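Novice: Listed below are the residues making up each chain.
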Amino acid sequence: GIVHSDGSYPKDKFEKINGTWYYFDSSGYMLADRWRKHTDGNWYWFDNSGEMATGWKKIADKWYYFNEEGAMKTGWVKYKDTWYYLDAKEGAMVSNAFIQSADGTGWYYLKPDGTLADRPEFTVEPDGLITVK
Amino acid sequence: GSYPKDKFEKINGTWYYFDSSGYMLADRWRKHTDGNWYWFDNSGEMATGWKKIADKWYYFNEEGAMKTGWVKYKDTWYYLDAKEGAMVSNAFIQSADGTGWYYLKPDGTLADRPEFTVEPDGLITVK
Ligand SMILES: C[N+](C)(C)CCO
Ligand SMILES: C[N+](C)(C)CCO
Ligand SMILES: C[N+](C)(C)CCO
Ligand SMILES: C[N+](C)(C)CCO
Ligand SMILES: C[N+](C)(C)CCO
Ligand SMILES: C[N+](C)(C)CCO
Ligand SMILES: C[N+](C)(C)CCO
Ligand SMILES: C[N+](C)(C)CCO
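The listed protein sequences derive, respectively, from chains B and A. Using the deposited numbering, the first residue of the first sequence is number 186, and each one after it goes up by one. Using the deposited numbering, the first residue of the second sequence is number 192, and each one after it goes up by one.
It is possible that part of the hints are untrue.
As the list claims (entries may be wrong) - With a Cα cut of at most 27 Å, we get these calculated BS3-like pairs of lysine-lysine: (1) B:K274 x A:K274; (2) A:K247 x B:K274; (3) A:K296 x B:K274; (4) B:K296 x A:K318; (5) A:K196 x A:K263; (6) B:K318 x A:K201; (7) B:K196 x B:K222; (8) B:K296 x A:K247.
These are calculated hints, taken from the structure and not from any lab test.
Bound conformation, chain B alone:
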């Protein structure tokens, strides 16, 4: 936290203390373990120490990705040169789902662990039940 000469402190704004970003509410306390869709329309999240999230974060048993300046991203993002799909709506990594290509031609499959499958092996049964491996 910061306190000025007049004794006032920052309220409802972002502040970078010693090279780390934090957010203080309209009461002067920093958000901790909390989201906030900033005035800039981007979503942010702060952990136990109130530090602004960067990169991947497991939040409430789900995974989100944050750019280097704090905003949550959606769509495809590569990590360890392998792709992941983040729900364009809610923002959490998808898994075991068929996400349709951008050229409407087809689909991209993401395995139960979230990693895109670029060697998907299909197995169909008599009634047509697809089973992906």
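Chain B is fixed; fit chain A with the ligands onto it per the hints.
Specialist: Here is chain A with the ligands on its own, set in the frame of chain B:
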């Protein structure tokens, strides 16, 4: 008594739904008090069977209630979105036990022998 209000009513053997004014509903969905959706055509007859409403397809049971999920028609399955009740097509739907997927074709019919072509970058195309 002589002025039907907020109630369904069978007239000339046909179901109609009466709004608060005593006028039939016409070209309107109307989630009833039983948790089901109902549609009435231009005459105000209660929808039954299949109905292409706003270029989207729907299926209602012989009682008027709109169906969702897997409905079998002419020994060929079709899947109805549990969300808005419309007919899914060229999409994959999870099997009821989360063990696999079923593919619904452009025309809406379940494919029993879908063929897959996996391109270099992993992209999948269905036929
Ligand atoms: C952060 N990752 C998306 C790479 C892990 C979830 O599997
Ligand atoms: C909190 N901000 C996103 C405005 C700073 C990072 O550049
Ligand atoms: C939808 N989000 C995951 C971005 C946060 C809402 O609290
Ligand atoms: C999709 N269904 C499982 C209902 C058809 C195969 O029996
Ligand atoms: C399934 N129908 C034959 C009733 C029409 C929708 O394509
Ligand atoms: C079959 N309906 C539900 C439309 C009649 C009940 O009054
Ligand atoms: C989902 N329904 C189409 C049944 C409601 C009207 O929007
Ligand atoms: C990121 N994409 C899924 C669009 C490329 C496939 O490798």
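Novice: A separate judgement is required for each hint: does it hold in the structure or not?
Specialist: Results for each hint:
With a C-alpha separation of about 16 Å, the suggested pairing of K274 of chain B with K274 of chain A holds against the 27 Å cut-off. Under the criterion of a C-alpha separation no larger than 27 Å, the hint pairing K247 of chain A with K274 of chain B is consistent with the structure, at around 24 Å. For the hint pairing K296 of chain A with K274 of chain B, the CA-to-CA distance comes to about 26 Å; that is within 27 Å, so the pair holds. Under the criterion of a C-alpha separation no larger than 27 Å, the hint pairing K296 of chain B with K318 of chain A is consistent with the structure, at around 21 Å.
A threshold of 27 Å between alpha carbons decides the hint, and for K196 of chain A with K263 of chain A the separation of about 36 Å lies outside it, so the pair is violated. With a C-alpha separation of about 54 Å, the suggested pairing of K318 of chain B with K201 of chain A is violated against the 27 Å cut-off. Restraint check for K196 of chain B and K222 of chain B: the C-alpha separation of about 16 Å stays at or below 27 Å, so the hint holds. About 32 Å separates the Cα atoms of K296 of chain B and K247 of chain A, which puts this hinted pair outside 27 Å; it is violated.
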